[PDB]
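Here you get one chain, nothing else, as structure tokens; it is the form deposited without this ligand.
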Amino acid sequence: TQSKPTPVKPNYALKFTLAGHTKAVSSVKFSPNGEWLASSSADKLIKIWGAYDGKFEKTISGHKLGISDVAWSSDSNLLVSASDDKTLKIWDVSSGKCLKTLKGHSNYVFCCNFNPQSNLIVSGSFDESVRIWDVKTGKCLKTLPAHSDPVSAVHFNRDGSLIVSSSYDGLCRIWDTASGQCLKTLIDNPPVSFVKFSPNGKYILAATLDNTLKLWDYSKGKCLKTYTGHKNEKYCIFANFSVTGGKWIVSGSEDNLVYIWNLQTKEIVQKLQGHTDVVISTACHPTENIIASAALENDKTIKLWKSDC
């Protein structure tokens, strides 16, 4: 009498629009505890918003130029941001203040993430390097000469033992965190604009600037699934796994829509309309069927969408 729900499609609908940034939004992320959404922007600001109701909570300031990415610690108490001012900053969310400024990159910092233990941060920069930083001291532990063009994404796996990086040089590389040495290079060679590890730890989801998302088994070098129909030839647009309800892949797009695909069949199951510029970033809530999306400078808003499945 116990049955398994299996949705053909979700029904995400617009619930709230979050206004307040004054330039393009660059990233949105839900806190691990589900309570908050953080956004970053070219306007040099981080904003915090209620994850369930969209209500503005606070602004966090101090970078001297625009910000490309922001990421939460596992306990939801810290943020790290990556800026054009060549630094990362670690923030105490409660106080709103900067704890540490991570100095060492020689050009814009584009991407960042804590490891799950949250004692480390990983960054990637226009300077073509990946850096690994100690949270407690705020100092650089390792500099990896990772790529030969800007680094577009960095992500740790679930125990922090591996980092995956992507670059406009066309490569995805897997690094051993403890030693900094490369375990594998995945290779046409179109620019890779986003990558992250999959929920089961075995795959990487990679976006390339040829309008294509691919799910790769990184150990076998085999592409398992491919998702198309969206537009992505210019911007580094995040992609997500939606793990709370039906199994979906989510991404923004240069045609101003959020795209959602069936993980297994690869068919588009919904397109979310409402933004008025490129949707550069999307995020999926960790426990509820909620999506956040954010757009470039003609729009400058974040939208929260909710589904029943």
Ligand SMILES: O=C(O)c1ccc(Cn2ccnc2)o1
The other form holds:
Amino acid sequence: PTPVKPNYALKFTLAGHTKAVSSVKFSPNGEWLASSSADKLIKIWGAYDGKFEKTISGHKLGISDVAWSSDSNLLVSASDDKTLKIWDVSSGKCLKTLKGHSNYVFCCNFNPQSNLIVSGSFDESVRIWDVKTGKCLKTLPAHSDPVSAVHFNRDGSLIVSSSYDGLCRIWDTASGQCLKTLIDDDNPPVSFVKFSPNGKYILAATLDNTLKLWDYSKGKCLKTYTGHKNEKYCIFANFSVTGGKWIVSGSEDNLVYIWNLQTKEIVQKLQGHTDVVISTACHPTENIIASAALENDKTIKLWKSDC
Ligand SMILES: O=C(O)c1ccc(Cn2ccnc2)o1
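We have the form deposited without this ligand; now please give the form deposited with this ligand bound.
Below: every chain and molecule of the assembly, starting with the one above.
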């Protein structure tokens, strides 16, 4: 059962990026953390001991997001250079450069099969790409302002997208056509979305200090999580599932917030960063959180809980 609270404590601080960190993600096999930054670099770190492993270079401008393939062997990154790059993590080599967006690429993810990448851009489109060939399969005219997040569900058949236009939409992967507009407001911006692990729910952030858990099928809000600060940045949120069932997010008051998913109560706030916590990630098997901060800080912190 979910305990009353976790007890995340700081274990490591990872320095090396020279501008704001933009995203952190654990590999599915649990071995690694990948980070991206405005400094144009991807860094790989040991997930359990924080040990710096390597830098992956090649983008010409800053990177906003990085994501792992299901087998932990590839990464995709989204850059202000208007491209995505697919990387072989072991060799550090760029396998493909995905060209087609006409402005910054902000968000990216692989499908579970890891044969497709989805991307979202400041150009207001969502693109779907073939991993093996690097070909753009589809361009969806998804939004009327920059796309803040894109994510596939557990069987790969759906993509959820969000935007500063205020919308959250769900797309059929195979045809590219819209299944549903889940959130149909013109304000506030929807700054982050993702499916829950079982695919039944969508976690959505809006730039009014609010996270919400939605039932995809019914199109209804089930839970709202508040108390943090989020009016400007596209801050990631996570489902923590290895121990207690939490929602995790960074915040513009430099804290990591952790809520009980069911009761909506704040159960812990992690203090230590000295700038906005833009990204958090939850380890796939251990009760470990990674957090990363903007340019007054530029570090990643690894935190561990007993539950
Ligand atoms: O300007 C922002 O909002 C900003 C910079 C970096 C991030 C975090 N992020 C990246 C992709 N999805 C979320 O957000």
